[PDB]
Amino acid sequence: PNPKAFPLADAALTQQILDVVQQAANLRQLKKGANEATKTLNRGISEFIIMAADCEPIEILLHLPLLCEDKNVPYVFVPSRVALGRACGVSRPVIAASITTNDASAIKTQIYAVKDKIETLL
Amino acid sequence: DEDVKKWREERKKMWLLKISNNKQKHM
């Protein structure tokens, strides 16, 4: 894992996150791609940004943590772009994805738990 | 390398202040 891919989830929190991602795909509460993710942030509709630690060169993602801090949106890195893209429901790598808001789903409540876990990593 | 250690440190501080469920307590 690239040391700039911080905070970084373990394999267990990773599976949890990817499960939430796959729920979001099914609910159509998911945007894939770094620029697609940026756009959700600037609209104020992201609930969670997930990035891949094995994105090379990782520099192309590094504006995203800063944007998320500006917008008060949680983010995390998972170790593998291949696994992230599987979770997103596509057969290609995904280096960043964004869960978007929906007031009638359980996603926000799961993200709240995930945030607590990420904060325990810190 | 020292660049990356500082990046991590600053990311930690800003996650606690700007994003955390318990950010008031971290503030």
Contents of the next structure:
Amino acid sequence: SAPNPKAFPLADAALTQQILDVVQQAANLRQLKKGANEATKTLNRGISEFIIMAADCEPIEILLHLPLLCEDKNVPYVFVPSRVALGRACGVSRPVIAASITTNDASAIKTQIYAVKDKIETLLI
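Can I get the form solved without the partner chain as well, since the one above is the form solved in complex with the partner chain?
What follows is just the one chain, with no partners and no other molecules.
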């Protein structure tokens, strides 16, 4: 399924690969929450480094609050094309439509997380 018109901004192929790879590392390190509801809670608590969403989430309305919340909290957010690919990156057997990489300033992958953040920020103008 093609990216939903409401899925903005959409990471290109390269940035998608960069994001999914960082997601896999955060999953291994347990620096990751999965699901729209868990993502929301990280934002409400101010512990989200960035938000990842699936552009083929169906129905799309389930995740539409996240861009609003991220703009409110000045947290970078981005869509990747595939919930199936996001799911496996997250280390689970199911599709995942939203994920949040959480704050850890002593993280072994902090620099990879800031590099993704910088790329997303460029998409967000």
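Throughout, rigid core stands for the largest set of C-alpha atoms superposing within 1.5 Å between the two forms. Residues that one form lacks are left out of the comparison. Residue numbers count along the first chain shown, from 1.
2 Å or more on the CA of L13 between these two forms, with the rigid core superposed, yes or no? No, the C-alpha moves less than 2 Å.
Yes/no, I107 Cα shift of 2 Å or more between these two forms with rigid core fixed: Moves: yes, 2 Å or greater.
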